[PDB]
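One chain comes next, on its own, written out as structure tokens in the form deposited without this ligand.
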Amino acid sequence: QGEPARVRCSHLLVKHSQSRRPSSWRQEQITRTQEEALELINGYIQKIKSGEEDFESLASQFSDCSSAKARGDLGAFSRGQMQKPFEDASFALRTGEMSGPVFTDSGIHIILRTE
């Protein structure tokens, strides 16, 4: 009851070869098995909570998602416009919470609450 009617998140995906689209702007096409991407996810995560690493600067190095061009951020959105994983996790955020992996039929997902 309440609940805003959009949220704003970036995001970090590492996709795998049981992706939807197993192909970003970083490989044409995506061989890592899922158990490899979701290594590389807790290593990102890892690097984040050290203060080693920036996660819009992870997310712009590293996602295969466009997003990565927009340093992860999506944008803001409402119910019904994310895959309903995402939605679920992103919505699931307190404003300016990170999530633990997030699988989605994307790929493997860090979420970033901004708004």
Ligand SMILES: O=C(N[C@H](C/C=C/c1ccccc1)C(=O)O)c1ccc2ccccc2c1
The other form holds:
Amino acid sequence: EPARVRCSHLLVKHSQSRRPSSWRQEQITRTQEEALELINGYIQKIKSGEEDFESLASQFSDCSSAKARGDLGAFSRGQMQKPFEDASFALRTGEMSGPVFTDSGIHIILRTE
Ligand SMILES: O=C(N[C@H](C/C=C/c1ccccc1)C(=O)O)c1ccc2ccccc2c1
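Could you present the same protein in the form solved in complex with this ligand, rather than the form deposited without this ligand shown above?
Let's see the whole complex now, leading with the same chain.
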């Protein structure tokens, strides 16, 4: 484990998310079920090669890191919500997580460093 990792992510918020708004939608109205369905659909297109993670995140992530194509930059432990932190540090660089759940919503994570 390095001191810090660098990750990008794709966040799909839902109406029960901690902050149910985003840069792309004044009010998040989708259900958590719908959010996980979207996340999984994203996972399958990225595995098939039909979509690129970073392009997907720059257009559809509910995180304002969309403008950075998903990049969150480097972080250490104790900074992010623990479920996000644990998944991130468990990835090898170049590896992509499965669905990851935080109070913010549902994420796909790509570790870059
Ligand atoms: O809270 C953020 N985004 C919120 C969404 C939650 C994002 C989030 C990220 C990691 C763990 C838990 C939640 C928003 O935009 O509404 C957030 C956090 C760290 C960032 C670092 C770099 C660039 C953008 C960033 C955006």
